[PDB]
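Asker: Next come the chains, spelled out residue by residue.
4 protein chains.
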Amino acid sequence: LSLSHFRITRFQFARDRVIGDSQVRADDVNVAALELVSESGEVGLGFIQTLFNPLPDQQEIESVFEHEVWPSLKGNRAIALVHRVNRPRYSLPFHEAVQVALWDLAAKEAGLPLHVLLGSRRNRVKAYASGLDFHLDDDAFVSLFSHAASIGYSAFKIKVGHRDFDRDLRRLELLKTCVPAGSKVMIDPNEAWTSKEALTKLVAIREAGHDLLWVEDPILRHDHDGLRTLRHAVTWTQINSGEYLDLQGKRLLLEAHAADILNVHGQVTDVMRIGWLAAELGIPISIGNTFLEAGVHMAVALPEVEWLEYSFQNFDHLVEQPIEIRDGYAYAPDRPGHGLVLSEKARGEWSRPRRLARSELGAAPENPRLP
Amino acid sequence: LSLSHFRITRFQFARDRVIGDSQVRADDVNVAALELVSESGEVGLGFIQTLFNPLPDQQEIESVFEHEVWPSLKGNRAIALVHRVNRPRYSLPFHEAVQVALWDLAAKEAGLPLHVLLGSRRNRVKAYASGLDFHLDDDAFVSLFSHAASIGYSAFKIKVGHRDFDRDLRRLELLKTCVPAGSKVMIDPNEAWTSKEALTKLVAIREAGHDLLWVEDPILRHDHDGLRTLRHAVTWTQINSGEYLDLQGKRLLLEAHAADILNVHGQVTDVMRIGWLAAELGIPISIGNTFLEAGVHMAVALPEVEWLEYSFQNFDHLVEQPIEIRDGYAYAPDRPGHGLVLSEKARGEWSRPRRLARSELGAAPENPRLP
Amino acid sequence: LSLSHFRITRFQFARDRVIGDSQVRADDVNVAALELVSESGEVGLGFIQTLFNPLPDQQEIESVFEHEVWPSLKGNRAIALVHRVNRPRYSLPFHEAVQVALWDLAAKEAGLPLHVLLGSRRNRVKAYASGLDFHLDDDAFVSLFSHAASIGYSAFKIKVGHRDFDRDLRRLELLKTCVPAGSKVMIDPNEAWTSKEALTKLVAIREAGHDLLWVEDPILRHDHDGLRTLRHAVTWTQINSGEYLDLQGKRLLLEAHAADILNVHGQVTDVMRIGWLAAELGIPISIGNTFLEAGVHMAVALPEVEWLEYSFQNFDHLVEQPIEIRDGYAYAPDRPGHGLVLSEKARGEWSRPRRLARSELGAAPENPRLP
Amino acid sequence: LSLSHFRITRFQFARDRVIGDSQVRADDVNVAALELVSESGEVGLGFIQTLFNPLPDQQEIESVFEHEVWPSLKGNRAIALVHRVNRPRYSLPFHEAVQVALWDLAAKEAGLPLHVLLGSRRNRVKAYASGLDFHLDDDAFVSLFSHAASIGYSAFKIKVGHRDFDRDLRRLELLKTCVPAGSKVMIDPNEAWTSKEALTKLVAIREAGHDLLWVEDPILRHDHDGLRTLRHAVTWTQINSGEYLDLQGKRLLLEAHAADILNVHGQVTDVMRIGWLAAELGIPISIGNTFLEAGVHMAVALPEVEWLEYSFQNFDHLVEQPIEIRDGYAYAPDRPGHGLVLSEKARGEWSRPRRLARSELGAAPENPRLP
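Chains as they are written, first to last, in our numbering: chain C, 5 to 375; chain Y, 5 to 375; chain P, 5 to 375; chain H, 5 to 375.
Hint data in this document are derived by calculation from the structure and do not stem from the laboratory. Take the hints with a grain of salt, since some may be wrong.
Same chains, same label: a pair holds when it works inside one copy or across any pair of copies.
Unchecked claim - The list that follows gives simulated cross-link-like pairs (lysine to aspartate or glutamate, DMTMM-like), each with its CA atoms no further than 25 Å apart:
| hint | residue 1 | residue 2 |
| --- | --- | --- |
| 1 | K188 | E64 |
| 2 | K130 | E201 |
| 3 | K78 | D338 |
| 4 | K188 | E201 |
| 5 | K130 | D170 |
| 6 | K180 | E353 |
| 7 | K188 | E353 |
| 8 | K180 | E201 |
| 9 | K200 | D142 |
| 10 | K180 | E364 |
| 11 | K349 | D229 |
| 12 | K200 | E310 |
| 13 | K200 | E284 |
| 14 | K349 | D227 |
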């Protein structure tokens with residue numbers, strides 16, 4: 005049942021809309037599937053995504069993985085490797101993909117859905133609709149958020165942090181015109197604000213009649229004194245923090261008492277470890293965007309998690325069956341592994357081994373998750 | 005592959021020697037074997053041990069385990085249960101036994117030795133000879149320690165904390181006459197000292213020419229300021245701390261910066277969680293007594309563990325084959341699970357379903373581990 | 005006048021209503037009377053209550069008490085034992101019962117009511133009505149709380165912490181419809197909330213027009229940073245804390261500045277010690293449920309205590325004369341001891357030496373304290 | 005059994021030697037016996053002592069005690085009064101005398117020796133010989149200390165803090181010539197040093213080959229930072245602290261982590277409260293001078309007390325029988341109360357109802373406790 009081969013499939017495609025935030029803009033997707041094959045024939049899958057730069061050539065990815073990570077994986081059992089404790093003491097972002105593929109494989113080989121292996125007692129979590137909408141025209145924004153309300157979301161996150169605060173207030177007013185009354189709202193400035201500026205903006209927003217569930221990453225993530233000041237003064241909403249931090253960083257953030265809520269992503273093993281610590285500390289956790297909603301399994305398995313981020317990205321064509329989200333709940337499936345299996349049709353039509361210029365990308369894959 | 009039945013066998017027998025420390029005295033053993041059976045026929049074994057008071061009857065242990073623990077286990081997969089993160093928020097000491105039986109079962113069902121499943125890259129740890137010797141007479145003290153040195157032990161731990169400090173010193177003098185020069189020495193006052201008394205005695209022990217590898221639990225476990233003062237000023241040896249503490253308590257001990265080394269026992273899931281944490285923090289860990297050296301599996305899997313306690317107890321008769329210790333190294337076996345299996349012979353001879361008075365226990369099981 | 009014998013009488017009976025909170029549900033009572041007899045013939049009484057599991061057999065209780073606690077009591081005077089200072093350095097919960105029985109005996113033998121021996125200058129304390137009502141149907145809830153108002157309570161505590169915050173708001177609205185205007189109100193989430201969630205819920209409750217005297221145990225009791233944050237931000241009500249903590253824990257809670265009010269129960273000796281410390285620190289104390297309102301004596305004797313919890317439990321049949329509560333005041337009686345003497349009729353009709361299944365309990369004792 | 009009358013007898017007499025320390029000088033004694041009488045005929049005795057200034061006339065002491073203390077005592081039971089917790093929020097030093105008389109009475113009325121009532125499990129404590137010797141000439145210094153060593157003392161305390169540090173050293177040299185090798189030595193600078201001066205002198209004392217058991221009040225009592233610096237750096241002896249502090253002040257001293265040992269005197273109720281606290285914290289306690297060794301009862305009842313001061317004062321004539329000290333052990337007697345009863349002979353000979361000038365005091369009561 006030990007690991008024998010690995011497989012890298014490179015993708016590089018146009019998005020159906022511009023995504024981004026106060027700091028960043030993207031109209032393409034750069035992602036490679038990492039498949040880890042054991043000698044029982046079972047395959048684990050995870051995703052190597054780059055956010056600002058495209059991936060190098062399929063071949064460059066394969067050579068770096070072979071040299072840097074493959075020696076520590078070959079001939080070992082997935083379920084052993086995921087338990088390893090290493091002392092603190094990569095050329096490409098492999099850390100997340102490896103953990104997702106290793107646990108997918110470990111679950112399949114134990115003959116279980118990932119969440120059950122993760123100790124879950126439930127199979128679902130609330131999902132909130134997240135627009136990544138900072139660059140969206142006013143028309144595209146209502147269109148996305150009224151689609152989300154159509155199909156049963158009751159919680160909505162928008163991007164703020166405009167140089168002109170009136171643009172943030174306008175986006176919140178626009179949002180109120182397209183969702184049912186008493187929907188839950190989050191804002192994400194993505195570090196656009198300094199601490200007292202965050203706080204006076206939160207006051208103004210409250211005074212304008214907008215009730216927030218949480219504000220996410222409002223300021224420089226290293227500004228612990230400022231985050232504490234927010235935590236202490238903002239008695240009407242939650243300060244959600246931890247973007248851009250690694251495991252060590254999340255842990256340090258916790259020691260500094262700098263978050264009402266800790267946000268995390270899909271590093272399966274890091275997430276279950278930080279999720280143990282947070283449960284002990286009495287800190288809740290939110291799961292942000294994970295590629296193809298793999299993080300559904302940690303979301304349903306940790307007890308301090310009530311929310312999972314969904315962003316309507318045009319990704320589903322890459323897999324046989326995507327994660328079910330129905331009436332604002334995400335469902336961890338009853339299939340083995342994390343339930344995501346790469347689409348063979350997709351690996352044929354969409355594979356791009358060779359790094360392209362952006363103008364060379366062609367039409368976006370269609371996005372049935374949007375109108 | 006799910007859990008379907010449990011089995012309790014109570015034991016109660018005399019020791020071959022008086023064991024104890026500055027606080028406590030014992031010449032008998034109260035332990036029950038817990039077997040957790042899965043639908044697959046595989047069994048996980050753990051040990052329910054009481055140290056201060058004897059166990060109730062077999063049927064009492066059973067009924068309590070059935071009423072209060074079994075509902076959360078029944079119908080479930082061992083490998084699923086062990087990953088569960090529960091929120092913080094027993095009538096008998098089932099907590100370590102359940103974790104040991106559950107990981108014994110999970111490893112079996114995965115076809116692995118426990119330590120391999122726990123992520124290990126090696127199969128042995130240094131073992132030190134621990135006498136639990138406070139109430140032992142001088143002749144028996146030298147006998148146990150000469151024996152240990154003759155079979156290849158090179159590190160030795162003695163109990164101290166006598167009202168008359170010359171007793172502590174005579175004992176270290178006594179230890180020196182029976183072990184090779186250059187041997188590692190640890191002392192264990194088991195909280196008999198206050199902080200400055202502890203420090204002055206450590207100074208006197210040094211000046212008398214005894215080099216200590218560590219001093220373990222020198223003072224009241226909750227005296228964090230005293231432990232810090234000891235950490236900062238005792239520059240010639242290590243302050244080993246953490247006894248009597250549960251997982252939340254050990255985490256607080258680390259948060260108080262109150263241990264040079266953290267001692268732990270055999271709660272597999274807890275030890276691997278605090279072991280991940282200690283590793284992030286750079287705190288070494290030692291493993292104390294676990295029933296039949298089950299903890300050898302965590303000891304070899306944790307990078308920051310260098311030592312395991314061995315105490316020459318008369319327990320080996322209870323299982324088919326004990327953990328091997330050869331030349332002061334304890335070996336994690338290449339057998340499925342933790343490698344311990346209950347002896348059906350001993351299950352018949354030594355079962356004691358009814359709680360007995362000390363005087364009814366008859367002869368001590370022979371201890372081939374001592375002369 | 006020294007202690008000669010002890011007597012254990014086991015009870016196991018159905019309640020008249022379901023009790024509980026956001027964490028726990030109970031429809032039965034598991035309790036044993038502990039009687040400590042001196043050679044003057046005077047008897048001290050206290051209660052061994054288990055909350056989640058039933059008691060073992062009368063005989064199991066007697067054997068454990070004889071082995072574990074009885075050696076430290078036999079041949080000693082109650083008034084000496086209650087003064088003992090032990091250094092930190094049981095199979096059943098005996099700690100509280102022993103302290104209550106020892107002080108009852110010491111008071112009788114000094115020829116005094118317990119509170120006078122405790123140094124009281126008054127004989128009464130305000131009592132608040134506490135529903136333990138989390139599981140109660142809407143009809144049973146108004147019925148209990150309008151009965152409490154009928155007979156002169158002016159302060160009322162309800163259980164909150166529903167997953168759906170609207171259920172907590174509804175319970176507060178229901179409560180307002182059945183008590184006089186300007187009654188005092190407390191809420192008890194029993195750790196259901198995380199810190200910023202507690203605070204936004206407290207804000208919402210205030211904004212809805214509900215004025216609270218205190219919120220009790222709103223979050224994980226170990227979350228000192230969160231409790232401080234509540235203490236600092238919640239300027240309109242008090243944060244009452246200390247449930248699930250022992251003496252050491254209450255003391256540590258105080259050092260952390262983590263309570264506006266410390267809640268305690270009936271460990272007589274621990275309570276007078278923590279009550280000295282709290283008086284020095286300027287922290288007030290509330291007395292929670294004590295079995296049969298024994299804690300009335302510490303409540304009236306400590307100067308920093310203004311409130312005692314009463315929960316309308318069906319317990320009175322067990323004693324000759326229960327503690328008087330008249331027009332929202334609890335009265336410490338002018339009888340010797342704590343004034344509670346076991347009913348001989350009750351010891352005959354209601355004794356249950358042998359642990360029963362829940363279906364075997366028969367009708368609840370009648371509850372004259374409710375309609 | 006309630007209090008009905010009080011009695012004051014003033015004494016004023018010369019000392020048989022000059023006593024004192026680096027701050028203060030005395031050759032007389034001002035003390036009044038306070039007797040508290042109950043309706044039962046039993047009497048409690050305590051001593052009103054002034055150290056810096058003489059007492060006013062008998063009738064003045066009486067009138068003040070009557071006006072300002074007696075209203076809170078009259079009509080009450082001693083055993084009730086001693087348990088009172090008062091809220092923090094005298095014209096003469098009545099506080100220790102009242103507590104000593106009250107516990108003397110409570111123990112009598114309960115038919116117990118004080119120490120038994122205070123929870124003791126043993127009846128003796130080590131006593132050390134304390135010279136109060138700063139102003140004593142060399143010949144008298146050796147005389148007092150040889151005498152002490154000849155009757156079985158093995159620990160010795162001397163005053164230091166001379167402007168000329170060679171005086172301190174000569175005195176330790178002098179002490180060494182008259183006591184057996186291996187004797188315990190303590191020094192008492194009584195605040196004459198600053199922190200770093202204290203530390204450098206302790207280094208020099210060590211290097212000169214004098215091993216100290218403790219240094220008591222080396223520096224200004226409010227210099228917490230200096231006391232901490234001394235705690236952390238003086239690894240070869242103990243910093244004994246707490247003189248001149250009241251109960252709130254001693255609690256703050258412990259909260260500042262500013263004492264290796266806490267010295268206390270004879271305020272029974274306060275000493276048992278800080279003794280419970282010190283025990284929770286792991287801080288040892290020593291008992292200093294109490295009038296006629298009354299504090300022997302607390303010294304034997306507290307687990308963390310190992311030493312009591314004895315200072316060879318000419319006081320024994322005032323009571324029928326003094327506390328026994330035999331071979332450096334002070335014994336708590338098996339008599340009711342604290343065991344001290346005022347001598348009716350001395351009450352006649354030595355009564356001095358009118359405050360006298362030093363020159364009118366006549367001959368010193370003979371001191372059989374010195375040669």
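Asker: Now look at each hint and say whether the structure bears it out.
Answerer: Comparing the hints with the structure gives:
Neither within a single protomer nor between protomers do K188 and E64 lie at most 25 Å apart by alpha-carbon distance, with minima of 44 Å and 46 Å respectively. Within a single copy, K130 and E201 get their C-alpha atoms only as close as 31 Å, which misses the 25 Å cut-off; across copies the closest is 17 Å, which meets it. In this homomeric assembly, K78 and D338 come within 25 Å of each other (Cα to Cα) only across copies, at 20 Å, whereas the closest approach inside a single copy is 29 Å. For a Cα distance limit of 25 Å, the shortest separation of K188 from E201 qualifies both inside one copy, at 23 Å, and across copies, at 14 Å.
Taking the closest pair of Cα atoms, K130 and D170 come within 25 Å of each other only across two copies (18 Å); inside a single copy the shortest separation is 31 Å, beyond that limit. Within a single copy, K180 and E353 get their C-alpha atoms no closer than 40 Å, and across copies no closer than 66 Å, so neither meets the 25 Å cut-off. Taking identical chains as interchangeable, the C-alpha atoms of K188 and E353 are never at most 25 Å apart, the minima being 39 Å within one chain and 57 Å between chains. In this assembly of identical chains, the alpha carbons of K180 and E201 lie at most 25 Å apart whether taken from the same copy (24 Å) or from different copies (23 Å).
In this homomeric assembly, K200 and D142 never come within 25 Å of each other (Cα to Cα): the closest approach is 29 Å inside a single copy and 33 Å across copies. Taking the closest pair of Cα atoms, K180 and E364 never come within 25 Å of each other, the shortest separation being 39 Å inside a single copy and 58 Å across copies. In this assembly of identical chains, the alpha carbons of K349 and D229 never lie at most 25 Å apart, being 51 Å within a copy and 53 Å across copies at closest. Taking identical chains as interchangeable, the C-alpha atoms of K200 and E310 lie at most 25 Å apart only when they sit on different chains, with a minimum of 15 Å there against 29 Å within one chain.
Taking CA atoms no more than 25 Å apart as the test, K200 paired with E284 passes between copies only; the shortest distance there is 16 Å, against 31 Å inside one copy. Neither within a single protomer nor between protomers do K349 and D227 lie at most 25 Å apart by alpha-carbon distance, with minima of 47 Å and 50 Å respectively.
The earlier numbered hints that this structure contradicts are 1, 6, 7, 9, 10, 11 and 14.
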